[PDB]
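I have a structure here, written as structure tokens, and I will follow up with some questions on it.
Right after this comes chain A.
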Amino acid sequence: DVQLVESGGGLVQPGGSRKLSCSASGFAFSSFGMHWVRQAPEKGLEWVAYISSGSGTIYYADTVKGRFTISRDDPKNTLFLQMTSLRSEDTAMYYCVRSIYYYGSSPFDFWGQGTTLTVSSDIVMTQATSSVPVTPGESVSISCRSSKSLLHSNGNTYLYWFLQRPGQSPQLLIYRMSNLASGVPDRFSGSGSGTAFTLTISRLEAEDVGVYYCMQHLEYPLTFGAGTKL
Partner candidate 1 sequence: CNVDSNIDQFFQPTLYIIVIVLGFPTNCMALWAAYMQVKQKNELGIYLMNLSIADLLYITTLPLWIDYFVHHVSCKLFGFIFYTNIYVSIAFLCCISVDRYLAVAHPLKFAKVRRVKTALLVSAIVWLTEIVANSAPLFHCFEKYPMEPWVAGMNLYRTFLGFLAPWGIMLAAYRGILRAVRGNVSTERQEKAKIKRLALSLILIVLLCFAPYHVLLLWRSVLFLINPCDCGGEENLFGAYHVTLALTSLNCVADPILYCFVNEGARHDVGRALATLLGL
Partner candidate 2 sequence: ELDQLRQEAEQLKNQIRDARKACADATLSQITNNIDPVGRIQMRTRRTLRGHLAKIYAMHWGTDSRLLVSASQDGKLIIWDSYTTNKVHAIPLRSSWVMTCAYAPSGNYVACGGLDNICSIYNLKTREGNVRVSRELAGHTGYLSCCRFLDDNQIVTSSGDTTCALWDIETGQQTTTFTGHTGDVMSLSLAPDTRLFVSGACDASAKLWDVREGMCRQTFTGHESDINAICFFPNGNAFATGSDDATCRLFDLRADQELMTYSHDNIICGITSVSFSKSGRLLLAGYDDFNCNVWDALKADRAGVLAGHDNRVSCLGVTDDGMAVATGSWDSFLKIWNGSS
């Protein structure tokens, strides 16, 4: 249920096109928009592509514009990325992410177990802090900054906080600063103003060890930030 399996990848030649598929089981894929996101080895993340429900809107990243394509098979609940003229910087983890958009929604719900690919202006996120003691039972706060304030006229600041466990796919922690995800316990919180963003943890457990990531959604370039390791 609500699981996004992924297939494809492996060692490929730079001049060979590739199909990288993600299959959705256990939720309504037709009404969900989709994203393809890249994780460089032992580095941060970066959004690669997005396609709305019904293929109405298709957006690509500036770094991969013109050689990547996405399309959806709703009857088969499948989303595949077609990759042409593979480069040396495409050697990375890949994740297919569901996203539904309406008032009150958390539009990054599940990140499927991605697939690795091996090859033989825009809003910037600072996240100056990168190392934190792993001592549990404390109250650690993780800070972040934005080039431009994420607050909009409506009132909702499009900041997202994710946690990626060492051996599991990244999971939502916060879909917007003042609200918390469904499966995440009440332990986490977020607060801030303008560009200053803070994630607060009241008590630290052994399952909280991982890498923290922040994202903006005000602009569809959707540039991530450099992760923080606990």
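The candidate set was assembled so that all candidates are chains of the complex that A comes from, given by their letters.
By our rule, a contact is a pair of C-beta atoms (placed from the backbone, for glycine too) under 8 Å apart; a residue touches a chain by one contact, two chains touch by 3 or more; residues count from 1.
Visitor: Once the contact definition is applied, which of 1 or 2 turns out to touch chain A in the complex?
Guide: Considering all copies, chain A is touched by candidate 2.
Visitor: Spell out the part of chain A that touches candidate 2 in their complex, as residue ranges.
Guide: 1-2, 26-29, 31-32, 98, 100, 102-104, 109, 182
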